[PDB]
Amino acid sequence: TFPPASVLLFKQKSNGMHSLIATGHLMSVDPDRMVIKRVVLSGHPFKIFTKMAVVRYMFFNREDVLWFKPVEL
Amino acid sequence: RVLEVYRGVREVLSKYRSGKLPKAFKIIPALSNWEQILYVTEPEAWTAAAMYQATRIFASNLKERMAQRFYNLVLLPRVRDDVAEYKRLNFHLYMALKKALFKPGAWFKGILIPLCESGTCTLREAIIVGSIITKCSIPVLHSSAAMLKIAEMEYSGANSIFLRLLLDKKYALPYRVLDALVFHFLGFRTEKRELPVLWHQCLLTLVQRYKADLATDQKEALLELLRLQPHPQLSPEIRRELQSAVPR
Amino acid sequence: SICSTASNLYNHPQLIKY
Amino acid sequence: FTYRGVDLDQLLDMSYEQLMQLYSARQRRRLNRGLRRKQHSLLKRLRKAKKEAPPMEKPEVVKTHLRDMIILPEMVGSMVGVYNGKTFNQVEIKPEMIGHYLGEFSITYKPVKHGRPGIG
RNA sequence: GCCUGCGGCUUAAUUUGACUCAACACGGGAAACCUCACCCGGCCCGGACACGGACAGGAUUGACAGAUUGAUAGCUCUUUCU
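Chains as they are written, first to last, in the authors' numbering: chain u, 659 to 731; chain w, 180 to 427; chain t, 352 to 369; chain P, 15 to 134.
Some hints could be false.
Subject to a maximum C-alpha distance of 25 Å in a straight line, what follows is the list of computed SDA-like cross-link-like pairs (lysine to any residue) [what the hints assert, rightly or not]:
(1) u/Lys709 <-> P/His54
(2) P/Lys52 <-> w/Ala203
(3) P/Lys77 <-> P/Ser55
(4) t/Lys368 <-> u/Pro662
(5) P/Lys127 <-> t/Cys354
(6) P/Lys124 <-> u/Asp722
(7) u/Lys727 <-> t/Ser352
(8) P/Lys100 <-> u/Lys709
(9) P/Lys52 <-> w/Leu200
(10) w/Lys199 <-> P/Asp21
(11) P/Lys52 <-> u/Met716
(12) P/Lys127 <-> u/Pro728
(13) P/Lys100 <-> u/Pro662
(14) w/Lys349 <-> w/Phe364
(15) u/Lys727 <-> P/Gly134
(16) P/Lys100 <-> u/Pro728
(17) w/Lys199 <-> P/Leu57
(18) P/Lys77 <-> P/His54
(19) P/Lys52 <-> w/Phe364
A few chain u residues that face chain t, going by a derived Cβ cut-off under 7 Å, partial list only [unchecked claim]:
(20) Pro661
(21) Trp725
(22) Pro728
Pair ranges (Cβ atoms, derived) [unchecked claim]:
(23) P/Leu57 <-> w/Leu182: 31 to 41 Å
(24) u/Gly701 <-> w/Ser197: 31 to 41 Å
(25) P/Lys52 <-> u/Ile706: 34 to 44 Å
(26) t/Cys354 <-> u/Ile706: 51 to 61 Å
The hints are simulated quantities; they were obtained by calculation from the structure and are not laboratory data.
For each residue, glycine too, the CB sits at the ideal point set by N, CA and C.
Please take these sequences and the hints and turn them into a complete structure.
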């Protein structure tokens with residue numbers, strides 16, 4: 659659909675009670691805009707030296723760290 | 180025959196890290212001559228784990244008065260040695276104090292009330308024993324009996340903290356312990372002693388939990404005390420909790 | 352085989368080239 | 015098989031005192047020192063596990079920590095797991111190892127098979 | 001050639017600070033136990049309060065033997081006695 663166009667959104671409360679939630683206008687329509695889903699993996703630094711630290715509770719194997727090695731913290 | 184064996188079990192229990200004990204150990208609640216057994220075993224040379232498992236057998240088997248006199252003659256002096264030495268407690272002895280709370284009656288009559296009867300009833304000893312008391316569950320009637328006996332004493336630094344944690348047991352009281360408490364609070368009425376922060380917290384806990392058993396003359400005695408013995412912070416909270424009460 | 356893979360460019364949508 | 019001019023039936027029928035000239039320097043040394051109660055109990059578990067097996071069958075493997083055990087020839091024919099820190103390695107005690115220790119049969123680390131230097 | 005440090009490679013772990021003087025046989029550190037500080041397996045328990053169930057018709061500790069995981073782990077299951 660070619661812009662401009664209004665963007666209403668409503669949700670079934672119960673038995674056809676369409677309740678309005680969202681409202682806006684139509685941006686560029688194309689599949690090229692790819693969405694990136696993020697995941698934060700947590701940890702705890704239980705040994706602390708000068709600029710070097712041992713952290714647990716982020717993985718549980720050993721070679722998991724060999725799998726997620728180049729990814730920066 | 181006896182002295183050889185119990186000198187042997189002394190030299191075993193002098194470094195007790197682990198290991199299953201012989202049958203010479205586990206019949207001391209059946210040994211009548213256990214006091215003459217007990218000095219050859221040389222009580223201060225023991226590992227605290229030997230203390231732990233000794234209190235384990237002695238709470239799993241004994242009477243009340245033998246448990247009390249073992250708490251008094253053996254346990255309490257080494258407890259004060261380790262607290263005055265370490266200023267902390269060994270975990271074997273800490274769990275051994277839970278093992279000594281495997282009997283509440285000999286605990287109150289032998290350790291706590293004799294600790295405040297000892298006259299040197301300090302602060303860190305009080306915090307340790309009261310935290311362990313807070314951990315365990317004790318009977319209701321003996322809780323009121325212990326509060327009855329603790330209110331009978333002087334005021335050291337260790338009356339209020341045990342009084343506050345026994346209020347943190349949170350049961351419901353008879354009339355006698357309440358009259359004795361409010362009468363002791365009327366004994367602190369015009370005394371110019373700067374009574375600690377933890378005493379104000381103790382009175383605060385008392386009006387928080389026991390707001391349901393206040394008479395009129397008792398409430399006026401409480402207002403007399405709050406009128407004469409303030410603090411810049413907790414006297415208004417005790418005032419507010421006395422302004423939010425329901426009588427008996 | 353650790354933090355990389357193939358994932359080549361294959362099969363797209365109908366692009367209406369202006 | 016023969017060891018030092020003595021055969022397997024000859025060894026297994028030989029007394030514990032006469033073994034103590036047929037061994038190495040360390041082994042006669044330790045048998046002079048006399049075995050410990052832990053190793054006595056381990057040999058007792060080996061006796062129980064080698065006896066109760068079916069006669070076609072090899073005995074049930076007994077796992078153990080004690081890497082410093084002299085392989086007595088009475089142990090020959092059993093299967094023993096030897097602990098090298100992580101993993102009980104299960105060795106069939108053949109008669110060729112009667113003058114050694116268990117500890118050499120569960121090789122403790124993994125062999126170094128090099129890579130390449132990065133920033134040196 | 002051998003030996004020791006640093007890096008690097010390996011390993012479950014092959015402990016760690018300094019990084020061209022003042023890094024570098026320094027943390028007295030020459031490692032069979034101690035000197036773990038590393039790894040793999042086990043034991044013992046990791047709270048108080050408030051709600052509902054088991055609870056004296058036992059709640060449950062200790063408790064002698066025999067099977068245990070790598071270990072007399074009665075802290076596992078028959079003895080189920082207390």
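These are the hints, each one checked on the structure:
{"no.": "1", "hint": "u/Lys709 <-> P/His54", "in the structure": "violated, 52 Å"}
{"no.": "2", "hint": "P/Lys52 <-> w/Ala203", "in the structure": "holds, 23 Å"}
{"no.": "3", "hint": "P/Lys77 <-> P/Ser55", "in the structure": "holds, 13 Å"}
{"no.": "4", "hint": "t/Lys368 <-> u/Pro662", "in the structure": "holds, 21 Å"}
{"no.": "5", "hint": "P/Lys127 <-> t/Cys354", "in the structure": "holds, 24 Å"}
{"no.": "6", "hint": "P/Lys124 <-> u/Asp722", "in the structure": "holds, 21 Å"}
{"no.": "7", "hint": "u/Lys727 <-> t/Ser352", "in the structure": "holds, 12 Å"}
{"no.": "8", "hint": "P/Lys100 <-> u/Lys709", "in the structure": "violated, 32 Å"}
{"no.": "9", "hint": "P/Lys52 <-> w/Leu200", "in the structure": "holds, 18 Å"}
{"no.": "10", "hint": "w/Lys199 <-> P/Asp21", "in the structure": "violated, 44 Å"}
{"no.": "11", "hint": "P/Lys52 <-> u/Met716", "in the structure": "violated, 42 Å"}
{"no.": "12", "hint": "P/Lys127 <-> u/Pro728", "in the structure": "holds, 23 Å"}
{"no.": "13", "hint": "P/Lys100 <-> u/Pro662", "in the structure": "violated, 68 Å"}
{"no.": "14", "hint": "w/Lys349 <-> w/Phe364", "in the structure": "holds, 20 Å"}
{"no.": "15", "hint": "u/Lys727 <-> P/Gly134", "in the structure": "holds, 19 Å"}
{"no.": "16", "hint": "P/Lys100 <-> u/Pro728", "in the structure": "violated, 29 Å"}
{"no.": "17", "hint": "w/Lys199 <-> P/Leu57", "in the structure": "holds, 22 Å"}
{"no.": "18", "hint": "P/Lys77 <-> P/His54", "in the structure": "holds, 15 Å"}
{"no.": "19", "hint": "P/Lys52 <-> w/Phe364", "in the structure": "violated, 66 Å"}
{"no.": "20", "hint": "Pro661", "in the structure": "violated, 16 Å"}
{"no.": "21", "hint": "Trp725", "in the structure": "holds, 5 Å"}
{"no.": "22", "hint": "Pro728", "in the structure": "holds, 5 Å"}
{"no.": "23", "hint": "P/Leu57 <-> w/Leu182: 31 to 41 Å", "in the structure": "holds, 37 Å"}
{"no.": "24", "hint": "u/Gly701 <-> w/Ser197: 31 to 41 Å", "in the structure": "holds, 36 Å"}
{"no.": "25", "hint": "P/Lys52 <-> u/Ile706: 34 to 44 Å", "in the structure": "holds, 41 Å"}
{"no.": "26", "hint": "t/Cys354 <-> u/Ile706: 51 to 61 Å", "in the structure": "violated, 27 Å"}
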